[PDB]
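Protein chains: 2
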Amino acid sequence: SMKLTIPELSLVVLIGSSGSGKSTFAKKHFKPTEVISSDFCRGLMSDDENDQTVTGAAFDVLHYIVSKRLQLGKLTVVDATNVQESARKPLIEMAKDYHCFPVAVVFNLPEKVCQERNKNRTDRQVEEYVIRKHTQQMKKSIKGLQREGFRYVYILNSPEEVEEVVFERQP
Amino acid sequence: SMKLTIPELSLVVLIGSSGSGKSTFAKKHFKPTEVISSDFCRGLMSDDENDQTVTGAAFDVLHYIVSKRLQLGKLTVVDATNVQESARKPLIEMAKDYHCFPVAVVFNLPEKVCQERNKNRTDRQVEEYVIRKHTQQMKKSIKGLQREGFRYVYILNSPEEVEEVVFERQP
Ligand SMILES: Nc1ncnc2c1ncn2[C@@H]1O[C@H](COP(=O)(O)OP(=O)(O)OP(=O)(O)O)[C@@H](O)[C@H]1O
Ligand SMILES: Nc1ncnc2c1ncn2[C@@H]1O[C@H](COP(=O)(O)OP(=O)(O)OP(=O)(O)O)[C@@H](O)[C@H]1O
Ligand SMILES: [Mg+2]
Ligand SMILES: [Mg+2]
Ligand code: NA
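Top to bottom, those sequences are chains Y and B.
So for the first sequence, our numbering puts the first residue at 28; every next one is plus one.
So for the second sequence, our numbering puts the first residue at 28; every next one is plus one.
Any given hint might turn out to be false.
Same chains, same label: a pair holds when it works inside one copy or across any pair of copies.
[Claimed, not checked] Taking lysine to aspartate or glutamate pairs in the EDC-like style, the calculated list, with each CA pair at most 16 Å apart, reads:
hint, residue 1, residue 2
1, 58, 74
2, 58, 155
3, 101, 75
4, 55, 76
5, 139, 61
6, 170, 87
7, 58, 75
8, 167, 76
9, 101, 74
10, 55, 191
11, 101, 35
No lab work stands behind these hints: they were computed from the structure.
If we strip away everything but chain Y, and leave its shape as in the complex, we get:
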């Protein structure tokens, strides 16, 4: 296995393109209540699946819910693309505010893996350029993650590595 050590007081930030398997991974490794997704928050604002008109509100709600959980000192996983620095920074800042350790888990999968999984999705699908963009943005992000303030940076480079993952929580 590939052991990823995280402290009990963690803000786990999943980073990866659409189709990179973030939500799948999240369900495999964490309790439902520990996972907060952007899709979920969007759904609180609108019953249209992936309503793009409520994006800012959805991310405000996500930030709010995360901050409240961290405030109670509860481990939280942020399930969103998080490929932009502007999306990661408030998570880092929030984590630092409430004495929690930000952890980055990067799905550094080749674009074609994500493009493939996308086309076979039964829930929702995006155009190819969305995934091409996300992947470029993710790849550009990797080098500077530690410096951005992530205490632990775990880069998963292939599906096989993603499969082998096991978290060890240290309380």
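Once you've looked at the hints, dock chain B with the ligands against the given chain Y.
For chain B with the ligands alone, kept in the frame of chain Y given last:
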């Protein structure tokens, strides 16, 4: 039938004891995505139903989600007991803030009806003293509701009146 008017843009505040049928009424009359409940928000903070350290943050989460919806111009129902003035105050403020109409719907049922439904619930139950206190709080709230800032105050005085309610979203 008892026709109650609610503007398209309303904050609908359900007021009643545990066991008074708030959630059942909400499901009958409104879309699932229109209804934000305290149980749901509590669930976002913890998977332990009996955890009380959570309630302040769940309160804060309920208000925030509701306020973002109101900001987006979306009719929202607050499915919580709302029998304390302190609980209602921030709801009124947000409705004013985002120019929504605050509407109170009060489940003015006898304590016995709520106790007996509580005993027969298979989903989750509260202790009888909780219902006694809610009902007293609800009764004490009625006279002041219009003065609190509710623009429409609808008091349902019996199960038969609750059953006959039909909402008209005219304005
Ligand atoms: N390890 C895997 N191997 C093969 N297919 C997978 C794997 N993980 C996920 N998939 C499939 O790929 C699709 C996308 O996965 P998932 O929804 O978890 O992506 P995501 O990163 O959450 O995307 P989004 O950012 O759009 O929410 C799903 O249909 C899923 O079943
Ligand atoms: N009109 C009704 N006649 C008979 N039983 C009812 C009626 N409305 C609701 N009930 C029953 O009473 C129980 C409690 O109802 P419900 O959960 O809607 O109450 P609530 O006010 O949402 O309670 P809480 O505040 O604890 O969430 C449920 O088992 C429900 O099926
Ligand atoms: Mg997902
Ligand atoms: Mg209820
Ligand atoms: Na009104």
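Hints and how they fare:
With identical chains, the CA atoms of residue 58 and residue 74 are at most 16 Å apart between copies only, with a shortest distance of 9 Å across copies and 24 Å within one. Taking identical chains as interchangeable, the C-alpha atoms of residue 58 and residue 155 are never at most 16 Å apart, the minima being 31 Å within one chain and 32 Å between chains. In this assembly of identical chains, residue 101 and residue 75 lie within 16 Å of each other by CA distance solely across copies; the values are 13 Å between and 30 Å within a copy. With identical chains, the CA atoms of residue 55 and residue 76 are never at most 16 Å apart, being 23 Å at best within one copy and 23 Å at best between copies.
For a Cα distance limit of 16 Å, the shortest separation of residue 139 from residue 61 qualifies neither inside one copy, at 30 Å, nor across copies, at 39 Å. Within a single copy, residue 170 and residue 87 get their C-alpha atoms no closer than 27 Å, and across copies no closer than 37 Å, so neither meets the 16 Å cut-off. In the homo-oligomer, the alpha carbons of residue 58 and residue 75 lie at most 16 Å apart only across protomers (12 Å), although the nearest pairing inside one protomer, at 26 Å, exceeds that limit. In this assembly of identical chains, the alpha carbons of residue 167 and residue 76 never lie at most 16 Å apart, being 28 Å within a copy and 42 Å across copies at closest.
Taking the shortest Cα distances, residue 101 and residue 74 sit within 16 Å of each other only across copies (11 Å), while inside one copy they are farther apart (28 Å). Taking the shortest Cα distances, residue 55 and residue 191 sit within 16 Å of each other inside one copy (12 Å), while across copies they are farther apart (47 Å). Proximity of residue 101 to residue 35 under the C-alpha cut-off of 16 Å is restricted to the intra-copy arrangement: shortest distance 8 Å within a copy versus 38 Å between copies.
Of the hints listed earlier, those the structure fails to meet are numbers 2, 4, 5, 6, 8, in rising order.
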